[PDB]
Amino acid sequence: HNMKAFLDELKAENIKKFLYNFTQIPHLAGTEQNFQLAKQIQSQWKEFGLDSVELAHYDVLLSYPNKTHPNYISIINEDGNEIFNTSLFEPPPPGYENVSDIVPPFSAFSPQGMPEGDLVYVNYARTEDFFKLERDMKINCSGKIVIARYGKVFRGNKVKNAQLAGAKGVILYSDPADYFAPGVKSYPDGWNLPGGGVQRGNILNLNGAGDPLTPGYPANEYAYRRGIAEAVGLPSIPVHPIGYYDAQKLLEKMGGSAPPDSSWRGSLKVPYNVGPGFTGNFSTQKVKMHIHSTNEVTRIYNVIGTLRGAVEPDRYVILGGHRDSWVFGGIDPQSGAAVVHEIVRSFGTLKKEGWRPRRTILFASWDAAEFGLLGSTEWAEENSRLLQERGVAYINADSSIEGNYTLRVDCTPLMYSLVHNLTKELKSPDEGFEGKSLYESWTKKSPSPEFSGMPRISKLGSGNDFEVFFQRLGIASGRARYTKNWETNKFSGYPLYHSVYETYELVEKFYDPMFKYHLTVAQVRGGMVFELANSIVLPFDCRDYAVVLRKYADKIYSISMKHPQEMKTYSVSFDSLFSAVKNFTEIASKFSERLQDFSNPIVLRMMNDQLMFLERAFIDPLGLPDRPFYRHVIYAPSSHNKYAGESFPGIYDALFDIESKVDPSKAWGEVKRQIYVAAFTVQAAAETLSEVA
């Protein structure tokens, strides 16, 4: 019973069977079908051999369309006649045209409204897109309906940006530029998005809060709930998503200003005029939204499985991923959930033969991730004290594949060495790399920008269920999946994301017919869990944090140095931060020497506790400015794009667009404050690795 036994037990055919089983009907959060799937998973995890498997339920704010009053958008003439209406549903794929309970496309948590007005096209609705409109083009979005293409940033940030620009509504659409790869056919013939396809997704700005009504505390049976007016993260203006057939109709009549440059033009046969409003002949026509969705407190269910550790049962290694889907969840999340299911099965086979991991492994099937990471966050709020003092690591397990090209890993620097070592042990599934390691194929296909002979590993961003564990609680986190070639494919994500077309057949026909990429991902996620739960010394290398901290310090200093006059005027010095990073580097090096130079289980566990609490040391209990649930001082989700990670976020946000601030003395004062907080936190984290007494 070693890692090889665990790995060898994983089977592609099992992952295939589980994926098929999980994707025959929709599993929307808060629905009966998703409760039944939770009960099935609970039963199977018990069968598979886990020590305990429970459901943890919460009552959280969810959002659904009104089944008898559908959402749609119109072009309306001056008489009030609706002369064009957007679709009421996506044409269902072959053999699913009789499937019931497919939720039609909608933006979850949109308020109700029927706003009428003139359109302004805002490109991707990024911060810089709105800068270009108001500052350079002098276009006023106030009282306008904005139309934005999906892509580049999280859609909740688009909506926040549109609100702040004074928009009265937002229309989101999928442009073929961003969702249709040249030379591939539309579903069901290929993996591209058809013109009737639409991307569902929530538009909250929760900043880590979890259920909008219960920030800080689990939404249990006696929870006190905020009123809707005080809820966290809800949009103030109606929002609705459409496909590119419907978008073309809305965009084709657009007048006003030309697009400012080619980066504003998608691939539709329209001019991409910014507006406001339509060209001369249609100038009296307007666009009207009709949104009737309702927010409702609804029960959700996480499944929590425990495999008790033999030696350190009070140390938890957690493998978690969500179960709820927008429709069938063929990739998101069931390609991930099928992998977790097979990993549980494999650990359980070893357990039945008398083996136990050194540390406790917790397995989680989270609910309501699509509605704002609600299930993972409520459970972590409930269990924060246990997780704070006992949580070794969290490995996420959403979608296993978004392409068939190479591995994609995002994780804390503490797991870099673990990932390098594990992938050197695993077989590459790639064509042309038979008999070579996964490390070799991954490194060849995705080279590190910094280091020759090393693969790319990214920072954690957000938009997935590791957020509460990593940026709120400070537990070392990672994730891994298979991805496309991010060089020859300028579309980002996979085209059928959050559409009805994301099915079992999509995966089996077009992504991974042999389930070998799924198997490789199971080996990586499972292998990481195995090493974290079984290695005598925790498999974290603090020296890797020292390297990245210096990179991040150089980066933030370089941003500040675009303003040398102000740094002179306000005596803005990064000396303290570089000093702290130098100290961290020195102390980490000495700790590493002791770790290899120390029979003594107290010294071991003392050292294991130092390793475990190192990620924890980057937590500031006061949080980042106006984002109390983003507490990690090194990493936070970008304030402009929840999906992307930002390093030294407190300093970064203090410097962002600083030349536009009215009171530079105050603005640079806050930069200095954030430098002090970051330097202090880095030094304090370093000192947790010093000799204890």
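Only residues modelled in both forms are compared. What we label the rigid core is the largest C-alpha set whose atoms superpose within 1.5 Å from one form to the other. Residue numbers count along the first chain shown, from 1. Compared with the form deposited in another entry:
Core superposition between the two forms leaves every listed residue (313, 190, 493, 113) with a C-alpha shift below 2 angstroms except 493. Fitting the two forms on their rigid core shows CA movement of 2 Å or more between the two forms over just one run of at least three residues, at 486-493.
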The other form holds:
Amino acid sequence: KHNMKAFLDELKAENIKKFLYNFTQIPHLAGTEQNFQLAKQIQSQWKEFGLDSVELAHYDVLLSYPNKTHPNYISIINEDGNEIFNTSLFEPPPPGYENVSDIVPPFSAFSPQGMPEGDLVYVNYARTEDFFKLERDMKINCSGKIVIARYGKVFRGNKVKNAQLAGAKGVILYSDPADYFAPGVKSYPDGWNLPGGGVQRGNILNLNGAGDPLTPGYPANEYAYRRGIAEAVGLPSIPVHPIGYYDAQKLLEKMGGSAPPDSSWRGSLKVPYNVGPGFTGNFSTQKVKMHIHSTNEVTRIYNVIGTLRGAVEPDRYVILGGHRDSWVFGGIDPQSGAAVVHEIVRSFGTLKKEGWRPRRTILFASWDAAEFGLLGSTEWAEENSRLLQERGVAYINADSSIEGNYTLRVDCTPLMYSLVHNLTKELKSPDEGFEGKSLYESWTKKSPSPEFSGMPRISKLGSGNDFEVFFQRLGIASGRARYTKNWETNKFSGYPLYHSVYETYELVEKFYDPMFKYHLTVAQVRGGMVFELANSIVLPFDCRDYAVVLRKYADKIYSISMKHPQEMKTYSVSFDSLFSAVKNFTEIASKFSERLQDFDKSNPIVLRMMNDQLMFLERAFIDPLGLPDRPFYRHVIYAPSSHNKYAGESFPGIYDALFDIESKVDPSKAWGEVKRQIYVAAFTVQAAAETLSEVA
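So the form deposited in one PDB entry is up there; where is the form deposited in another entry?
Below: the lone chain, stripped of partners and molecules.
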């Protein structure tokens, strides 16, 4: 038989290991020759594996690189203009790689050039709430200061946006051991912790889903008209540079001014964590000086796109995509995902060689330039948006397969909840103590959902990865799955060696997954989801699961508003329309589910009419006018949080209209906008409900 079990059984941990080794011996930075050569290798291999067509889709997009002959660094400068301390020019390379060329030194991609000098203010995580605390409670003014912030909690681009709007002239980002050094584990190469010379790379753009900063809306093809740099989307206006904790220690140790407001502002270094501004008495005349000389450059990038044509519905696409570009070796990010995609393609190809084809078309993607703002996936989706919004069934992401070895993590649309539950009940748990038990059993035990008995946690989708354009712009049902850690307060912080030179094959093989069993389990989940989406006669989406969550999100947004009962009375702010819409959605989804179970099965038009209702249900949550000042975030139920791109927010338009509303100067206008957002959300939920009604 060619069934899901045949597909799953063909996947091998040993192949995933071999591929991961193959993908991680040299750097594959976006826009470099080494990453083009890897694209060509993957293209050739996917052809050999059996795909019907495998093409490169290239674009010319804005990238950012340090200047090789004018390196980035930070100094402490004395009154004479002597630089008495300098931060490192590179991370000490790991054992056996000290002679590898073309390791890009740590930098913040898309930082502008400059050499700002001034006094430091320490801003904790540079979160919205941290800047509120500084400014409103502590009366500390960031204007004209260099801010030093610890990485963690939220996306670094939000930190830099928050610093900019506070008036900062520069941002120094550093990794505090509190957030990146797990107790009782050795630093790399002797364990998986971050050494004091390690540094987290990463872009600091605020693109809000636009893709290439020069061509918002349209693919960056050969005849593209480009914005001038001054009109580009998302570029930071102040210099930014990341450092490790040995260097941070030298910068923080002299800090004066005000004490930290409380212990949530103190990291683990042996410094006071004084907020500043500036240094203590003896060193009051010293300043900090940045030297940033990186350049932005339009550069060719290459996606690999493989097609396995459907036998019955070739005009319906199930997409498995993940990126290929890395900051350095990409041992976890992204090659632990790319190796899993490679083995999934090989397995599907084995079935294809035996005469099988999936019911629907499967597209496989190796995206480029994800590290520079999801550029490859976004430009391709812009090029192909008409095909995707009329034919796109689902997108399954495949960045890193592991960020820990504790349990499964799944973030996806409610439409995929039942698919994931059913699939995980059929897979073996790889966990110690759960031999002979299902993955569903181990996952549910280790990661219980807050609301339900005997149910696992599934998170919402925001941004930070290549599902963003498919889900948030185009409204295609999307999902992701990986193995994760236990550490809840570190959820959005990354694993310790994230985006460092230390992220290697050895890191994974020695410390995370020696048997490649967690990688194999993740391959089974991602591959199984793709298999069911591409082969099930009826699409495996349960609209009733959306009805359940919409009521939870309505209760939640109502509770936020109800912090302000007087204003709700004054401005007649009613959530009645939203609850009515959710009630109607619940009722109509229940009836649709009855018809889906009961319709005449011999009738392919009723089936496909029904399959189209399922497919276009996620699409119905798209508003073609987008969210306020964010035209490329169009999903009305989910958006990336306006305070943290990594986090999904529910009913974001209402949430943002309510956020900090007590501080708005014109409460009538602010509450008017809350009421407008309630109307848009109620309307969108009712309109989505009506797509599931009988069609005529």
